[PDB]
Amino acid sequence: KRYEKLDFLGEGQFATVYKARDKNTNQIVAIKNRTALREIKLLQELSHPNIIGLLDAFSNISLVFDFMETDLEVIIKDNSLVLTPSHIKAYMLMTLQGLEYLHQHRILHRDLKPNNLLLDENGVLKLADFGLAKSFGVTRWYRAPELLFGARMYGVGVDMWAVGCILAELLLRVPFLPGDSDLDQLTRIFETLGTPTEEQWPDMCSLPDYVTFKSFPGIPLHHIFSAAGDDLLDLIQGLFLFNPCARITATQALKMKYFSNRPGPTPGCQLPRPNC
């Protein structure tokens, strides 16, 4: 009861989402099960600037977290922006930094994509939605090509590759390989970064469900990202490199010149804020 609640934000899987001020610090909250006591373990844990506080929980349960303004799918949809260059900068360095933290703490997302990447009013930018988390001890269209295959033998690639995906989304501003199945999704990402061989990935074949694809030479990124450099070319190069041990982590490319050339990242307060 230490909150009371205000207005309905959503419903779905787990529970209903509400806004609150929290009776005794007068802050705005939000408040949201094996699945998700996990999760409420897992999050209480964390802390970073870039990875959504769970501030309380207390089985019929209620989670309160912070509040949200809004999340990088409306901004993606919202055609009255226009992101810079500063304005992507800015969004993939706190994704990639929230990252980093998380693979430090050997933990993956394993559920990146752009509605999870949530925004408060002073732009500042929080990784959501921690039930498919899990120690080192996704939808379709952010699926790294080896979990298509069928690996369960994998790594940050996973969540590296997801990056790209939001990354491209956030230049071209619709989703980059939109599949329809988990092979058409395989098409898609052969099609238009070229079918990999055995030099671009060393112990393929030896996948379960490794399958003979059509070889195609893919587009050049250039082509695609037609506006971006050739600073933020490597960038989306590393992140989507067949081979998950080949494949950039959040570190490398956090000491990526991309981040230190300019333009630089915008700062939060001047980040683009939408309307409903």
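Residue numbers count along the first chain shown, from 1. We call the rigid core whatever largest set of C-alpha positions still superposes within 1.5 Å between the two forms. Compared with the form deposited in another entry:
- Put the two forms on the same core and the Cα of residue 14 is off by 2 Å or more between these two forms.
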The other form holds:
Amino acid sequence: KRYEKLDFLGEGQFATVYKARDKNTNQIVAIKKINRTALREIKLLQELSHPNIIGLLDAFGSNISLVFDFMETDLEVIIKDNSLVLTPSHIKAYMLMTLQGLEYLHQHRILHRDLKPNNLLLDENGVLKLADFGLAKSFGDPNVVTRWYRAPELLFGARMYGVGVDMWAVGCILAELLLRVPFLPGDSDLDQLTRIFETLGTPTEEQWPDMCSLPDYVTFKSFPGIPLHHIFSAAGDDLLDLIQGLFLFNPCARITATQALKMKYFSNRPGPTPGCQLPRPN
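Alongside the form deposited in one PDB entry that was just displayed, please also present the structure of the form deposited in another entry.
Here we give the lone chain, stripped of any partners or molecules.
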């Protein structure tokens, strides 16, 4: 075979994943040995080419094997690792790679729909790539991330939706970088809306006009919500406005990947850390 099977990387409800060596270029890779979460990581990734999106390098039959770039670490590992402190500049660099990847996705009319820390992968040189495109779909296709990163429209059972689903998840990732714990850990779908509205305030028909006409909208307790300078007490105003923009309840008011990258936080000092100096676990 083409590959030298090095390590077992893990098992899910799709695939057995493996570290391996490409036996003719000596390049280290990752192989996803596995229908519809499989045929639509190929349909999308052999198409796409962006530094901050995982590359599909080869594939074959009888189980399907899918050969991506090997990444040493991921953002969940960095978050969990106590030896690493995250300076403002490391966070800006993680956010800037994550947003430049999604802005190209959203410009190619694709929703990732599964953004979590553990799908933001990180190669030895500190390039963040988005991975796990098995829940991704085109803006066009007719009709949903893990509960903690899930937008309130989806929790009120919205049937059509867009960019905002991925942008809410990015905000939850930014909060977890800054707080180093999950921002909104709901134990259920209803608890998830309880925590959202207890943290950010129970919205109105002004904050969110068609909210009362969502398929699963239900009258929640009013909560004032905590101000974002209390939760993110070390964050500057430039960063507090990025957060405020990604956590707006109205999905169309909610800031896009392009509007996020046009915010002053990304041109303000301190600019993002070089890839090669981003913190490294062992």
